[PDB]
Amino acid sequence: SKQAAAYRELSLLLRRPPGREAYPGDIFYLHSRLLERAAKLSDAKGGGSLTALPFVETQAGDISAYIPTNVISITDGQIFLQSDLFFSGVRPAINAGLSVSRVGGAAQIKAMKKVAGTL
Amino acid sequence: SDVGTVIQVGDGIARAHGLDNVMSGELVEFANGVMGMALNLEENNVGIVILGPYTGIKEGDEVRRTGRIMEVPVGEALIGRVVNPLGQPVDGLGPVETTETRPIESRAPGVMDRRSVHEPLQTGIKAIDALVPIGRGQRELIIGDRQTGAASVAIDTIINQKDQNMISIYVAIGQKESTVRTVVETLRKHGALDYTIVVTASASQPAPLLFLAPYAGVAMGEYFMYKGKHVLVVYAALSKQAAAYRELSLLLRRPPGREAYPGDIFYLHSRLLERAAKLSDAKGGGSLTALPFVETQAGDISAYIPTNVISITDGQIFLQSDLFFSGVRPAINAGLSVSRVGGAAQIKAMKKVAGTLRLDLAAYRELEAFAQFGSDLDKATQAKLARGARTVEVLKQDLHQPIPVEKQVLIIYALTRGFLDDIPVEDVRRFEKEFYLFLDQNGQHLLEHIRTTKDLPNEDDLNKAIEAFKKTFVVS
Amino acid sequence: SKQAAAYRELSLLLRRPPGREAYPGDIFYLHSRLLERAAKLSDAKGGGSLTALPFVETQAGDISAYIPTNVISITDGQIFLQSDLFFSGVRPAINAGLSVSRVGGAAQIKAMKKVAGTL
Amino acid sequence: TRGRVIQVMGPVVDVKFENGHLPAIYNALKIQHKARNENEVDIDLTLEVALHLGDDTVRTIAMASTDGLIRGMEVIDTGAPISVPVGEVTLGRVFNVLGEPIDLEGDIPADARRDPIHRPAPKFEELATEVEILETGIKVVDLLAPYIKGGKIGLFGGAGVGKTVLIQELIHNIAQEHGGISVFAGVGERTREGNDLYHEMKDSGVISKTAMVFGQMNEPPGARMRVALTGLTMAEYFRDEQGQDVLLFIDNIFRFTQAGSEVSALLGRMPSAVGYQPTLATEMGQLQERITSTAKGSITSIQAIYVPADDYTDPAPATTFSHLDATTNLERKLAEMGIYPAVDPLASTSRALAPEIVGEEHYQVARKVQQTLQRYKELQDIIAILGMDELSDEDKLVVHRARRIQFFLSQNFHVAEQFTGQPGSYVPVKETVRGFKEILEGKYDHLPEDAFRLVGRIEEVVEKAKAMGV
Amino acid sequence: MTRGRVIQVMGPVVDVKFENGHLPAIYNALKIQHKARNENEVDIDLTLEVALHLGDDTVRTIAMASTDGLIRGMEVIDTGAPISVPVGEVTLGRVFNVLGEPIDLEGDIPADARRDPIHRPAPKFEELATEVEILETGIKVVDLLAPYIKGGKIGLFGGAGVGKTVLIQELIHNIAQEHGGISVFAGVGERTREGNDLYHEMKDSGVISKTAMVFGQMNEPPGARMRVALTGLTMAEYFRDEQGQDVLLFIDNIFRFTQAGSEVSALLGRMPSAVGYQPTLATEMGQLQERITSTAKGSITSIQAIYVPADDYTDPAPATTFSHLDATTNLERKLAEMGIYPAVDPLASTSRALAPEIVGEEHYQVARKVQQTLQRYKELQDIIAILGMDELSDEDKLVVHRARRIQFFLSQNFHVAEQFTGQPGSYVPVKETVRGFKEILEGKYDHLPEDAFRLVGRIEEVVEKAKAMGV
Amino acid sequence: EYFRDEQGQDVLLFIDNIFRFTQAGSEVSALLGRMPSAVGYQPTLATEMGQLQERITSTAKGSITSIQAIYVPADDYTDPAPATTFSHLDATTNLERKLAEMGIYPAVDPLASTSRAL
Amino acid sequence: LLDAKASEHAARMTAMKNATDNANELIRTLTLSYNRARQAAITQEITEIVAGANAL
Ligand SMILES: Nc1ncnc2c1ncn2[C@@H]1O[C@H](COP(=O)(O)OP(=O)(O)OP(=O)(O)O)[C@@H](O)[C@H]1O
Ligand SMILES: Nc1ncnc2c1ncn2[C@@H]1O[C@H](COP(=O)(O)OP(=O)(O)O)[C@@H](O)[C@H]1O
Ligand SMILES: [Mg+2]
Ligand SMILES: [Mg+2]
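Protein chains in written order, with PDB author numbering: chain B, 264 to 382; chain C, 26 to 501; chain A, 264 to 382; chain D, 2 to 471; chain F, 1 to 471; chain E, 237 to 354; chain G, 232 to 287.
For the record, the hints were derived by calculation from the structure and aren't laboratory data. Any given hint could be a false lead.
What the hints assert, rightly or not - So these bits of chain B aren't anywhere near chain G, every CB distance computed over 12 Å:
# : residue
1 : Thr338
2 : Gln341
3 : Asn358
4 : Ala369
5 : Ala374
To be verified - Derived pair list, reagent style EDC-like, types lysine to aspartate or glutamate, alpha-carbon separation capped at 20 Å:
# : chain 1 : residue 1 : chain 2 : residue 2
6 : B       : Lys303    : F       : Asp197
7 : G       : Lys248    : F       : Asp382
8 : G       : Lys248    : D       : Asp390
9 : D       : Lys465    : C       : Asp385
Unchecked claim - Partial selection, computed: residues in chain D whose CB lies under 7 Å from chain A:
#  : residue
10 : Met271
11 : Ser273
12 : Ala274
13 : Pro279
14 : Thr280
15 : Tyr313
16 : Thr314
17 : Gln371
18 : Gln372
19 : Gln375
Note that the Cβ used here is the ideal one computed from N, Cα and C, for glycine as well.
Just chain B, with the same shape it has in the complex:
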């Protein structure tokens, strides 16, 4: 989110026409370029890996803002942390309802899979 603000500042100084929330039209591409470069390589390409954990700061828990929706539409899931939960004493405050891992379930170990369902 701070990178996006910096890029927007750069674009307004080059006088490019702003759009929604004064961000340039290229803001989606800014993050798509970056986040498309993490991958799981096939055995022909060596089998290496690169996994990314980008952070985005919302304003009042609003998930429907422009930048948060862009990044949600780029990544494979999100972990949503709630400020009230953090203040009540639950500091690892993961809102279980809104947070999801779209590809991670197949990568749990079987021992964890066998007990996570009831939890």
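Place chains C, A, D, F, E and G with the ligands on chain B using the hints.
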């Protein structure tokens, strides 16, 4: 000189160097055989709008003068065709065979060239003909909500003109071409195609043609209106023409305004719609009535272009999706819809029967809202509530089922003279169906009297017929 | 606000950059220059004074326009009159809760300062 | 001398003058051109000078369409602004922005007195400053928005709320009585409405004392900019030379500013707030300040003002407010409830109600009506959930009268028969003030609320309840 | 000579100057093939598409790949024709990119195979076919309220993370095995992971064998995302107009196409329109969507997922696409969070297309009764929020009682959602869908707990699920 | 900074209305003709705030700690000026007129500060 | 009857507590949406103004 050379081409626009004697608003033709129109006469170049495919036009090509202000063919041969905004057929039946043209830009009739709207245009829809009547020479906006019947209203109106000596021009602006073909096959079946002439500007066409289409339709219509005929023009997605004009202006580098629309955006539709009129007797008495159509997203009336069009026309018909899903079909909102000629566009019988209906129904909606909270009610207010519920029921109708004005007046007479007060509300639709059958069988003198004199039949005979039917009727 | 409109018209006709509502960048400084000339002089300077009362007409209660916000930030207080109070029979119709004076107390005689607090 | 056309961009035209004799600003220019061949058209066009550029060049605003103009056409400087005839010769006729009669009754003679459209406004010493009430015969106004003789009246409202019907009712009720001249100016509104009004005036006979000027929606922005000034000049002549009392009706003076904003970008200005021209207040004050009464005569001006989206903070209405002595603000909620004329009873400041004149009898009734209607607004959100049970004892006494006061403020108009199925009514202020005092005293709490709708005198409410079967 | 040189480079946009009288047409492809003749340069293999004639022998063009390493003065070659791609039976089982080059690693396509230009006009008014027949999908809410038209256009609108891709994959699973004709998938602006994952699901399916593919994803520059859709459309058009086949066409996001257009309109020197989009937004949407139609020779059924930038449906791209679609389904984050999948908002549904013929007697009465009940519940929800159900009228309490049941029974268990949840999916016929909603509307199941209705198929599964729950 | 770097001591800096600082920056940006950012603020809002705030720190030879009074433009805490400022706070202190009336001075109720610092 | 009157006043007390809490939550979320709309409107207007000036 009377030639020029293209210096820039792109996005359906071109600049030319030369053309010294070109007029503002003239026709020009490229070497390709494609046409254009001179909009801007800069000091040393000319801004041209391309009326066809521009991928064949290159910088350095020559451009020729034609000496003709922007024009369009007009004549009895356009009837039964499907035609492009330039008068070129697209239906595939051969050349149209016209013999004269009209300017697409022309002056609207003056204050003294007109007459007051005084004669009705029947849509066959009870709610419209009774609450928001439309007269010959009037302009009415139909603004709907995609899933509500707004689109079908005008096609039903055009088909209902089959015996009234109208000529029709359907103008499809920015529409999908398979929908224009679906409209043409619907009209064909109706032989309504045989009057309907049809102008098409599908969405794959360049912006200039979508900007020209309504002007071509109105210019083809006024040919008949100034000869003394009566014309009905329907404009489809008139906001797509506004989008096309915004595209053209931004590409010619005219600075934008509110949103990104030019400052001329009101004047565009003002020119377009002020040409509809009822001519005076000294002018031949012809007429031309316009029915623009707008589709709304989520029922938003506060859209810029729709508000401009509302401000230009003689009234609007509003159809809401909440009304549509609650069971009111057509979903016409009575408080929001008005006609600015109303009354003068109704036959005498309709004026006598339904002169207060719209105000009554709006007051009833207000009372119905207030009574839900209100923990008590008395006799007069309950009577008003019952009459309002019966009115709402009487105004319901099915799609594609037109009703003659003489039958409409008799049913509304029954409603407003208290003859339905004892019928249960859930029985009024079937009462009306059987009442129409009984009229067919037994009240031909009444129907003929209304039809030939435009006035109510004898009151006592009418009451007798109604009471005989009531005797024959069976309640659920 | 009408003086501000006149200046905005002049600065647009001279082609200067536009600001929040097409106002120029020095519209705040215009009214600061104006309103800071109202002062209470010290005795070595003569003891004279000059107090200013800018007046503004609202269109429903909205004070969120740019110029009203500027003047609100520059002044020492504001007196609020509301049509809801005016029609309910309370005239002069001042909204004592929303109104404020920051000199208050120091600008009252002893007799008033004695009895106004309980009121 | 002679100039030439250089650029054509819709309504704006650039003309170059050769020998250093540039036309002054606001001068009229003529382009008269007979076709040289079959590849041209004949032109007879008028332009108004707006700006001076460098290199001996001028920007002008066309008063008609610009189709057909060619670069190089000759332009004649007439030496003065647009000038229009004044005097008796204007009475009973219909004109356009240029002073040309558009009725079919002939043409004005060439030698007749002809006055210019642009003029400075009257000075501080010569202004009239006294308030006499004007009776309209309309209950809500005469109670809650009294008009001033010789003042300025504004009728605000968004689209389709009843401004034109109300203007026509005001003409119907006041013009025949008036012992002076009437002037009407149609500015950017419907030619159908203009034709209707002209024929109604003709049938009545009032047209023999009336001058009408029309520039309607179908005109280019220059005409819509200058038609109001044409009408104003015709009215100023009668105020000044004849010392007459004048009624000036202007339909939608908003179109004047809208046309200015249409041309502004082509003239080359930077946009102001909400896309208007930077000179909106200046241009509006130029016109508004000339419409005023002096020691030599009076102009009673009634203007209809369009509010673009019922948004009263829009700059055009917001600037118009500072020029009006009284206002009426029309409400869409009432229009949708079927309460016509639909005047919002608060917003009017009742300003003429300015306590003295009304002050003893009428002011107490007017303020008690407004207090009752203010309380009912606050109640309406409470009313729904909690309120209809809890309010039912204390506050239902307020609601029961507020419903009836609000239905009785509506009326049936003479010119609204095609909408109401009824003939109209004319209510004198005494009867209005009497009736509202009765309703507030509770003399009519028993009659059904629907009887109060669309009537005149309170006796008519009693009769309607009788007919309903009370 | 028919060669030019680079004059300017500004991101995706390049300016090329040619000799007099040899300017290329407006959609011509251009080639830059540069060998790094010195260690302070790099070699280049880039293709451009012409966009504007700038004046003074100069052309402005859009690059199909990254322009990094271009130098003012490189030599540019005109191919004389628009971008042309292989067509025919040779494309079946293959994966391609925007230029028509295979990317599946099964070898090249012969140099002499037929290839068709990417740009062409739409079919004529006299060639179009206008007949409506329903396309059964097995999804209750669709087949009841939003039924798809064989040969028409379908639009799946939704915000971020709401279910567009899962819904499209359930449609691919329910339709594409049975379809018998040819099929084309076009991935525009979506995840490259999802293109890999889809290729292997298809491969195993031997549905790869007919159906396979073109891709240009979120990693690509704007030029490729502006044209992959046209490439896929060209390959579909060949099968429609040369073999008479009925063709399925899937587009995983068509909003990214207009987004790519607006990312270059600025650098092309065009004034911004509302919300910053290009001024030609509607024209470019229309020229593309008009070529996806059914003629007499064959038919194209197109299913298009449409992103709404924020959860905002008035955004210009979705709002302009609304005019081209024969059915629409709008997905809502509110339902997706209440736990209702597919999460379709039932009202919008192009409930126009549904109504008249097919449904019009039997199914129309059930579909309208469902929409009327959900409309009245939606009216009450405002007061239900403050005071609950304790202040409703006893007949307005029944509306809530049955609307909850109807709203839960509209949700379903998908085959493709098994990999999230061990529950296997269900296919439900239209007759059973109409049957079940009719009984619920009559009150046959008013006693069951509302939880029995969630994520089931036929109405019998509700009974069995409540019995399992212990009622 | 002179006293932090030369005398090697802990200093206190008070800034009455950081909002007025950001507002002046916006006015200057309009004067210089830059394109406005969201809600009308200058495109360099975050950079300017960061350049000011990043010079207040503790070094090996002293520190600066700053008490800053912050005006929320419309009682909207998501507005860009309050958001960019709150991005740098380590602590907070709120004063209550209720306690000032109860006679409890200092009149403090400073809750957010508990979570980070303490 | 004494039992019934006690129960009625407790029931009304709990209902009006819950109603007040729900209304307060609604107020909070409505203020959030209002502020979002206000910010978006300001941005749209300023962008239109500057774009017109730039095109000029
Ligand atoms: N019908 C369903 N049943 C179960 N889970 C579902 C269903 N639909 C969606 N989900 C879940 O919610 C998420 C929706 O993701 P999906 O890819 O369908 O969304 P999308 O709209 O295509 O998003 P994006 O724009 O980010 O590509 C997935 O993580 C999936 O686990
Ligand atoms: N006094 C009235 N009585 C009945 N109907 C009215 C009245 N005033 C307005 N209306 C209705 O409102 C419509 C629009 O009024 P109009 O005069 O066009 O207002 P505006 O000029 O503000 O658009 C009229 O056509 C009429 O149907
Ligand atoms: Mg009007
Ligand atoms: Mg997706």
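Comparing the hints with the structure gives:
{"no.": "1", "hint": "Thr338", "in the structure": "holds, 24 Å"}
{"no.": "2", "hint": "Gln341", "in the structure": "holds, 20 Å"}
{"no.": "3", "hint": "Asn358", "in the structure": "holds, 17 Å"}
{"no.": "4", "hint": "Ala369", "in the structure": "holds, 37 Å"}
{"no.": "5", "hint": "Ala374", "in the structure": "holds, 42 Å"}
{"no.": "6", "hint": "B:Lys303 to F:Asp197", "in the structure": "holds, 12 Å"}
{"no.": "7", "hint": "G:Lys248 to F:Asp382", "in the structure": "holds, 18 Å"}
{"no.": "8", "hint": "G:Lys248 to D:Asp390", "in the structure": "holds, 19 Å"}
{"no.": "9", "hint": "D:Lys465 to C:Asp385", "in the structure": "holds, 15 Å"}
{"no.": "10", "hint": "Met271", "in the structure": "holds, 5 Å"}
{"no.": "11", "hint": "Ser273", "in the structure": "holds, 5 Å"}
{"no.": "12", "hint": "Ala274", "in the structure": "holds, 4 Å"}
{"no.": "13", "hint": "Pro279", "in the structure": "holds, 4 Å"}
{"no.": "14", "hint": "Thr280", "in the structure": "holds, 6 Å"}
{"no.": "15", "hint": "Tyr313", "in the structure": "holds, 5 Å"}
{"no.": "16", "hint": "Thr314", "in the structure": "holds, 5 Å"}
{"no.": "17", "hint": "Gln371", "in the structure": "holds, 5 Å"}
{"no.": "18", "hint": "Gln372", "in the structure": "holds, 6 Å"}
{"no.": "19", "hint": "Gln375", "in the structure": "holds, 4 Å"}
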